[PDB]
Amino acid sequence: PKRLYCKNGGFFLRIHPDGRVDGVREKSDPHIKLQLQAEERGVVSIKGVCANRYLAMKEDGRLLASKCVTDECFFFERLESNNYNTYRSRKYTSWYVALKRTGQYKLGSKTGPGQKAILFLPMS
């Protein structure tokens, strides 16, 4: 039952009950309480405990939380050499889950390696 914490400005990923995703800096916020369920080695599912919705990635780089379980609910997780974690799309091979430093998620299509934006540290 972890929260994820962005390197890019220190925001936790927030999942809204309506599907909308973003960041906030309030650890006490309930919509930041996640469930990361590993499904194979290195492949996880991050779900919103409260929202009861799964993080999904859309064809256009779009990030949102859906009820439905599909192959877009999936992310190869990864411990970076710097000890931050990364979730890149199992479907959209090149796409990473990311938060802009202002707090809005960043288009998957505009991510890539080397970005702070992509850098997460999960916590209980």
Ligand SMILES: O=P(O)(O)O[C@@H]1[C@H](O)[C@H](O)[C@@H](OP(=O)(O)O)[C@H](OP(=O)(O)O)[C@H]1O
Given for the second form:
2 protein chains.
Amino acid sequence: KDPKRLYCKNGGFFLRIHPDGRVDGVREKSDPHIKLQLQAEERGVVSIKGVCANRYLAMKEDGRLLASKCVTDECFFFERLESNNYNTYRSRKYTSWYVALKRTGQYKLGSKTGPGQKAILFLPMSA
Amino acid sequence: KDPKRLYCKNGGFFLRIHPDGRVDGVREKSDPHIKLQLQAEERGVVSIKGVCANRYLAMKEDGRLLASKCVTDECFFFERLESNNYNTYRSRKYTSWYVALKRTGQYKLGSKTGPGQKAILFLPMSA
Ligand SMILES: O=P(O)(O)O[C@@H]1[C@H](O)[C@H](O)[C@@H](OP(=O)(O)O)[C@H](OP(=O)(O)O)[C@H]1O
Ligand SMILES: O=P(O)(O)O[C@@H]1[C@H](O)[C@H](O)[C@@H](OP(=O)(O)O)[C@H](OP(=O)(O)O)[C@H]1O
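Return the structure block for the form solved in complex with this ligand; the form solved without this ligand was the one displayed.
So here's everything in the complex, that chain up top.
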């Protein structure tokens, strides 16, 4: 309900959604574009909206990330709860692929993600 | 200190700064792009920063308004209280021109502004 920041355990980057739809991670907590709004769709399914960008994170058919102005089926992810309050987000459309960030803060392509990676674990935090 | 919205008396529009630098007015409080940050430069001088856009309101030489990624001398305005709790913001660079919004929510060119207009009167409010 409240806004969130998703803190990636793989180097501690907050998942960031830019006004133009680019997706990446940054460490600066005061960054306005890491303020996200998670919305329940079905049980355990969420969309992830950049509040400032007013766009929905989308997993593309080639494993790229791009935030969409309009919701599509590419914008829904399974939220699975994991160890020490960390969540994973798996594309509903491309069911082997996760939202993920590299240790550099560049996001990790879905094709290269998988269970157990540090890259896919995000901790929701307050805003 | 805290973020603010500038509520314009000329039709009740909140001043909005878009990521691409466009400036306009909208009535929806929940619009993420009406969260502004006012920063004092000199006494009674301010810059006006769109928080989500991360850009500074600038008055241009032809009276256009456009939000700057970088601060320049066009980004400073004299903040003066007039009327009944409503402020005016007068360009330091183009000293006869004010920040202003039309009754439609399109912003009014600085060349067409002047003291006593409703278009130039803004009430700072909380965010
Ligand atoms: O390797 P590059 O030159 O950076 O370009 C890659 C991709 O083709 C996109 O152009 C870019 O945006 P999206 O993939 O998000 O659409 C993204 O940038 P980034 O991952 O470095 O942020 C990269 O995945
Ligand atoms: O903005 P949206 O709603 O996400 O829509 C576009 C579309 O979904 C495609 O997947 C892709 O272009 P093509 O597949 O036609 O090449 C592009 O992503 P990309 O540029 O980040 O790869 C997106 O802009």
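Superpose the two forms; the largest set of C-alphas matching within 1.5 Å is the rigid core. Residue numbers count along the first chain shown, from 1. Only residues modelled in both forms are compared.
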Of 82, 52, 37, 94, the residue whose C-alpha shifts by 2 Å or more between the two forms, after superposition on the rigid core, is 82
Rigid core fixed, the Cα of residue 9 shifts between the two forms, in Å, by 0.1
